[PDB]
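Number of protein chains: 2
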Amino acid sequence: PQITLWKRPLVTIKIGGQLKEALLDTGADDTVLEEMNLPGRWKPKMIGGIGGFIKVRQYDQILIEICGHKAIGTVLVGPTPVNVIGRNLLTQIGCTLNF
Amino acid sequence: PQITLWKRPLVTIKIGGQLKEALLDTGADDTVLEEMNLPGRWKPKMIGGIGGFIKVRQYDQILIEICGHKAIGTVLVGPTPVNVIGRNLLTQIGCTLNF
Ligand SMILES: CC[C@H](C)CN(C[C@@H](O)[C@H](Cc1ccccc1)NC(=O)O[C@H]1CO[C@H]2OCC[C@H]21)S(=O)(=O)c1ccc(CO)cc1
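First to last, the sequence lines map onto chains G and X.
Each residue of the first sequence is one higher than the one before, starting from 906 at the first, in our numbering.
Each residue of the second sequence is one higher than the one before, starting from 906 at the first, in our numbering.
If you're looking for bench data, these hints aren't it; they were derived computationally from the structure.
Please note: incorrect hints may appear among the correct ones.
One copy or two, either will do: identical chains are not told apart, so a pair holds if it fits within one copy or between any two.
Unchecked claim - Below 30 Å or equal to it, Euclidean Cα-Cα: the simulated DSS-like pairs (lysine-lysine) are: (1) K925 <-> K912; (2) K912 <-> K948; (3) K950 <-> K975; (4) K960 <-> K912.
Using the sequences plus the hints, can you model the full thing?
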């Protein structure tokens, strides 16, 4: 679909069997989700944002369906203010910016 | 144009008679730019993301050119690690997400 930006580009995602709302975030290199239970081995990692760095759990090779489009990539879980879908997955669903 | 998301969506902008580089950021409600000494009044503000909040100066009705597309709106100036063009200006240049 084509998504205009008058509102936040929020979409429903499916990860680990449950639905969630997430933000399509072209300014994020990586995908960061709020605290949740996820099946899969994880490794402690750190990611920086506008206000500093946070501790996250890095799940590699996770299945995630974004607005009806399947992806399999890295998902970071930690105290992010909002669920953000970053470029590592936006590229997988074929997302581009257009103007 | 069409911008793929393999790499960061960096573009040249013109603001206050200066050229800078900034990210077309669908995850940013408002535009945030590095410290620059703009003229006119401003209102203090705090904005939050991954890592917490930074303090910024809010200027309104600032003229910005983005790839030759002119826009006018709010610009937040502060110690941000990266310049991001937010939705308040992305809408004004006709920018959409497409997959
Ligand atoms: C609350 C939703 C997002 C976190 C908002 N952010 C925009 C986001 O695109 C930032 C914009 C951004 C980009 C680079 C450095 C700092 C912030 N990207 C980001 O934090 O991504 C992180 C996750 O992947 C990593 O790659 C980039 C940093 C990592 S933001 O920078 O914090 C932000 C921007 C503008 C306002 C005012 O409306 C408030 C917050």
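Status of the hints after comparison with the structure:
1. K925 <-> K912: both (18 Å within a copy, 26 Å between copies)
2. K912 <-> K948: between (34 Å within a copy, 24 Å between copies)
3. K950 <-> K975: within (25 Å within a copy, 38 Å between copies)
4. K960 <-> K912: both (28 Å within a copy, 24 Å between copies)
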